[PDB]
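Next up: just one chain, as structure tokens, the form solved without the named molecule.
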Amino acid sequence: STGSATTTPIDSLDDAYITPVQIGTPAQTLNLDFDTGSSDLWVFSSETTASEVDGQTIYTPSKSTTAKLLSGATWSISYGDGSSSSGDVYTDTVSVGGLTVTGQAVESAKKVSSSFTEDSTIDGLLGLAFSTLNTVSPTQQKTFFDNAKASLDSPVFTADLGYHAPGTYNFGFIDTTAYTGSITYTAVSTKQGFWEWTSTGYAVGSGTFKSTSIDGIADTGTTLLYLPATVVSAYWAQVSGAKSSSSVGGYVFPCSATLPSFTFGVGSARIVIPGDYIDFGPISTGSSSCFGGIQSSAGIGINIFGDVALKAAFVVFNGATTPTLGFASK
């Protein structure tokens, strides 16, 4: 089997991407944030504290004839941006783009933090990291991809995120019309539960490529590109007037600037992020200071190839017995 679903930016800055997901019988369609950096499929629900729901579409398990409460199971997660959610667990039928899994753990939120409440466009998350990170207790649950994998034509999914435009998540096949050139595959470590890999280096604009190993994670659930402070300083030094602002929490730059591209290495291959992908707009409405899309990972403890990097590529998440990651230009 295969599935294919369109993923759409939630706003004009590509702050996140939502993909429609059918849950239950009859289907309840929710728009979920597909997140290769986490491993829980959780949703706003009829159980979510009412004051914490502000415009999201909710899953109502009592209206799904295939929903079953998973006895005694709870979940609780916190993300690197400080956000969090928790609740109970159902199993139900979940379909993405025509691909159906029965008995998928659907984690129903009883509580969500304010940043989730304040984002009316995201109805929950669909985790696509390794199932070892799933938070359900006392019996850990499998991701949607892990449950689908054996049925897929090939044990893979691909991310093709758009810049200011829709894109696609495919499951079970590689669309050879969706990229240019070849796909370069690179080794993955699953030891931390992530799609963790090592980039071979970087260049800023038309500058010389610096060969240097950069270990990091392919994370569709993180908006920005988080890299070592030395790399990020080298990037922003090429933007007149850019500076790291402690009050804002990262590098900002004059909105009148034209940003240079940023290239990262995948083996001998090179993925070029156009400068415009790095502009995240005014720091507050009407400001002429703009937020940068490449930021230091120093406070985080891991480098993160988030949407800013991934949307410049066609990305293969190969879930074969030894997982690998593939990147192509597009």
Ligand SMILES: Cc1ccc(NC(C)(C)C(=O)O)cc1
Second form
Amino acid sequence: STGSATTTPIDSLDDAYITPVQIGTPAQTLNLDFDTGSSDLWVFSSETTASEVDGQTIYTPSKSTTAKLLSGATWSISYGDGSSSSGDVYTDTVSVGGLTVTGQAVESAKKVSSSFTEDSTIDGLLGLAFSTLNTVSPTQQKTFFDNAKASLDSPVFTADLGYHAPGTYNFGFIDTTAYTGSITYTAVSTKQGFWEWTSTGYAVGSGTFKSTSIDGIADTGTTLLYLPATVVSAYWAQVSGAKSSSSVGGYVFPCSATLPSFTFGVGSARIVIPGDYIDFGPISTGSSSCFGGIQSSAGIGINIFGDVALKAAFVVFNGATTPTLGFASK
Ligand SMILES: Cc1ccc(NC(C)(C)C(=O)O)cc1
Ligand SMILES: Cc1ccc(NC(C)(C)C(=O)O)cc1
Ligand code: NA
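Instead of the form solved without the named molecule shown above, give the structure for the form deposited with the named molecule bound, please.
Expanding to the full complex; the earlier chain stays at the top.
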């Protein structure tokens, strides 16, 4: 089997991407944030505290002929932005892009935090990290990808995120038309449950490439690129008037600037992030201070190759017995 679904940015900044997902019978279509940095498939639901729902489409298990309570199971999750949700669990049929899984754990939110409530465009998350991170208790559940594996033509999914444009998530195949050149594969550690890999270095603009090992995770659910403070300082030093602002929460730069590109290494290959991708616009409406898309990972405890980095590439998440990541330019 295969599946193929379009993913669409939620706003003009590419703050996140949503992908339609069919849940239940008859189908209930919800727009989920596919997150390679977590392992729960959770949704706004008919169970979600009413004051915490503001415009999201909800899953109603009582209207699905294939829904069944997973008796006794609960879940509770916290994300890197400090957001959270929790609830109970159903099993149901879930389809993405024509690929169907029966018996998928669909985590129904009873409570979501204010960041979720305030974002009417995201109806839930679909986790694509390793199932060892799934929060369901007392019986941990598998991700959609882990349940679909048995069945896929190739045990892979790919992320092809757009810059200010739609992109694609494919399951079970490589679309050799979607990238240029060759795909460079690199080793993955699953020890922390993430798609964790080691970049071979970086360059700033037209500068020389610095060979240096940078461990981090490939995380479609994180907007920005978070790297060590040394690397980030070297990048923003090339932008006149850029500075780290404790009041704003990271590096800011004059909106009048033209940003340099940022290159990261994948083995002997190089992925170039255009300068424009690193612009996250005014810090507040009408400000001439703009927020940077490359930020320090210091205090976060891990480096994160979020959407800023990933949307510069065609990315293969290879879930074979020995998982690997692949990157190609596009
Ligand atoms: C609506 C919304 C969108 C995204 C986030 N961030 C997540 C994905 C939870 C994270 O992993 O930091 C929180 C709320
Ligand atoms: C273990 C380790 C790994 C990498 C580096 N280099 C850094 C600090 C990322 C750089 O800025 O070049 C240093 C130590
Ligand atoms: Na922000």
